[PDB]
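In the form solved without the partner chain, a lone chain appears below as structure tokens.
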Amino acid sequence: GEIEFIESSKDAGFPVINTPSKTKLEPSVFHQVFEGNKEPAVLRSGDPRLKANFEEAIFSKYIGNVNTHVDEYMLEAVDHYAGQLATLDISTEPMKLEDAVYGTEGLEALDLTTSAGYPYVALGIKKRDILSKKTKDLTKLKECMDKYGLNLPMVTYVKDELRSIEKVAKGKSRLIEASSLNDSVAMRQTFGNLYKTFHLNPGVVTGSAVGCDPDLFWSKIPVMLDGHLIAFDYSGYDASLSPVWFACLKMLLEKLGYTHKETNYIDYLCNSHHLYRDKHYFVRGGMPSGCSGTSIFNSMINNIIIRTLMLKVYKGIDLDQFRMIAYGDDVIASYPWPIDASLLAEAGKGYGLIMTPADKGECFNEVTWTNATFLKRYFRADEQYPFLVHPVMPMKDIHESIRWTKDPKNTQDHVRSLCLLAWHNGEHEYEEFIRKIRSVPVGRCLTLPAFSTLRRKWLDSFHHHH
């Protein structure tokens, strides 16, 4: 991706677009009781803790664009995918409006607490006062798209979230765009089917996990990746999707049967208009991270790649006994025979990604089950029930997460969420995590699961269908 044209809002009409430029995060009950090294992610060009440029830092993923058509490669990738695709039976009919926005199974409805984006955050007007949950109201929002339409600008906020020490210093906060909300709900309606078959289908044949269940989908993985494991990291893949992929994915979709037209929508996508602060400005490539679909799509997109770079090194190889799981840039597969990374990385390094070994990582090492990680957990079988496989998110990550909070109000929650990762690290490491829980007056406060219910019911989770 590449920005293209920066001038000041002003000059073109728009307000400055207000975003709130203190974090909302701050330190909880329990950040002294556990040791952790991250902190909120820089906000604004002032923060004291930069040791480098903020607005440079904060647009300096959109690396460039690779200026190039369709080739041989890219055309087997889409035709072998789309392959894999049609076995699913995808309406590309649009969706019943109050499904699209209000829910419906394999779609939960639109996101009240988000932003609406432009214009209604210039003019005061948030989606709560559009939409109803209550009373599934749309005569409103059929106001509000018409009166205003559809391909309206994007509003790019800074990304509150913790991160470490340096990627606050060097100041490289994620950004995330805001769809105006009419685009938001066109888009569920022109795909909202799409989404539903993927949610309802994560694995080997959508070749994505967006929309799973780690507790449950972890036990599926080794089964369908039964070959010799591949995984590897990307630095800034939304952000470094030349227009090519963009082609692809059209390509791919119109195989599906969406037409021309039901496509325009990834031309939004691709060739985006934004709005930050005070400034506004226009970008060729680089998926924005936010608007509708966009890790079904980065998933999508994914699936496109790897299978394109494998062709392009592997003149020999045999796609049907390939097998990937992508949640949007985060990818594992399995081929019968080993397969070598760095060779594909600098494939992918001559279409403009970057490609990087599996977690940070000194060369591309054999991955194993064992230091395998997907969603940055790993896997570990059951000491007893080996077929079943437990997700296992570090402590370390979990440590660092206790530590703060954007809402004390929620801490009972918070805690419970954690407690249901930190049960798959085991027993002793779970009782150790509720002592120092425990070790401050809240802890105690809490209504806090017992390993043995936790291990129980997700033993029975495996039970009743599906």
Given for the second form:
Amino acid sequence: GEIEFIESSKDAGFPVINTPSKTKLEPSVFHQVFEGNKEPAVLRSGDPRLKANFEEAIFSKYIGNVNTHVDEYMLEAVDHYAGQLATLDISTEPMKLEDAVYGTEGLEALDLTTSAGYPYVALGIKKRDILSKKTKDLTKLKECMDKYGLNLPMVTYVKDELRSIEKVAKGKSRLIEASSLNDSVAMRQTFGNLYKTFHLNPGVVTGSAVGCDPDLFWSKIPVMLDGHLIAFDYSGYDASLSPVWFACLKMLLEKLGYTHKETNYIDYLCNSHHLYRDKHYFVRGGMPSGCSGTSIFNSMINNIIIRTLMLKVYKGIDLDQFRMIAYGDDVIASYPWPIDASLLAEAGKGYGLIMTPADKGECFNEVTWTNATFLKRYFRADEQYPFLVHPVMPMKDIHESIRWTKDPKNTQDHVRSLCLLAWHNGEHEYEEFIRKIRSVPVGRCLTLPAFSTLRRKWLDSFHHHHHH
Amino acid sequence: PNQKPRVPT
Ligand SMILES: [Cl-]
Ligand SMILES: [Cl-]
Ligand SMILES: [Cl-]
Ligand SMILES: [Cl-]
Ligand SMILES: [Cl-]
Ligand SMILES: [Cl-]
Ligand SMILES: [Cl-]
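Form solved without the partner chain already given; the form solved in complex with the partner chain follows:
Every component of the complex follows; first up is the chain already shown.
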């Protein structure tokens, strides 16, 4: 991805986006109880913790584009992955407006708490001023869609979230795009059935984990990925995507039955128009993280990429024996024979991708079930029921999270969520977590689950059939 | 996979 044109918003009539410059994250009541090194990401140029130029850092992931045609390797990769998706019978029929907006099986209701994007943010019009959970009203939305139309600019925000000491110092804060409510809606109508099918079918057929429930999904992963594991990381995946990968994504959707006109929304994601504060700019390539379906599309593209690299490096590869599960850039895969990921990384580099060893490793080492992580979680077989696998979020991560809050009024939900993550670390670690939480008065005002209850409910969850 | 007792996190 690359920035192709920048201008002062006022020269083109756009008002300045008044995006918050102060973090909503504050130290929580548990900040002193637990240890941690993460702090809120830098959100403004003047941050005294900066040790690099902010604006440069944030836009630096737009490393450029490789200007290539869709090659032979890509074509076979698309064909192989389209073959899997075909077995899913994804309907390319538009999703009915109400289903797209207010919720349906496999596609949660449009989040009414996130930004409505442009022009709404400039007019003080919030999603809630247009939409109604209670009434499922669509009259106002339609007025809005007709009045303002589609293909509106995206609003660029700096993601307000915890980051490592090093990422704070380097101003390496993440940018997310707020698609206009009009474009979000039109995209959910166009691809909603694909979103639903993906959400209902995490695994090796969609090659996606988007929308999965790790508590349940983890036990399936080693059944699905039964060869020698393959895993590696990308650096700035989203912004590194060149247009060629979107071209591949468009071919893939066409094989699925989408018309050329329907894939036009992919051009909207690729060659994009943004507002960042007082600037207005155009980008060619790069997935604009935050728009409708970005995790799904990123995941689909990853399926094309990895197959492409294997086909390129290993001419004798048999893709029918390759398996992978992606969540955007995050991947866990397997092949029955050992595969040299450093080789795949060099191939990727020729395609404008930056792949590094898994988990900040120095060498493309062997990935084992002991060291493998996915969605930041390790895999640990239950001691009593070996076929059940615990998703293990490191206690360090749980500690980082508990020390800060964006709204202390949600302490109960926040802590409960962390408890659902923590117990997988074991009874001793859990009792210690709980003891430390209760070492401050707020901790004793909370309804915290008992370990035995967590374990029991986890074991019972595997009893209830799940719709696919 | 590894079991918790055999491997920690
Ligand atoms: Cl601690
Ligand atoms: Cl944010
Ligand atoms: Cl799941
Ligand atoms: Cl990162
Ligand atoms: Cl080969
Ligand atoms: Cl059971
Ligand atoms: Cl299931």
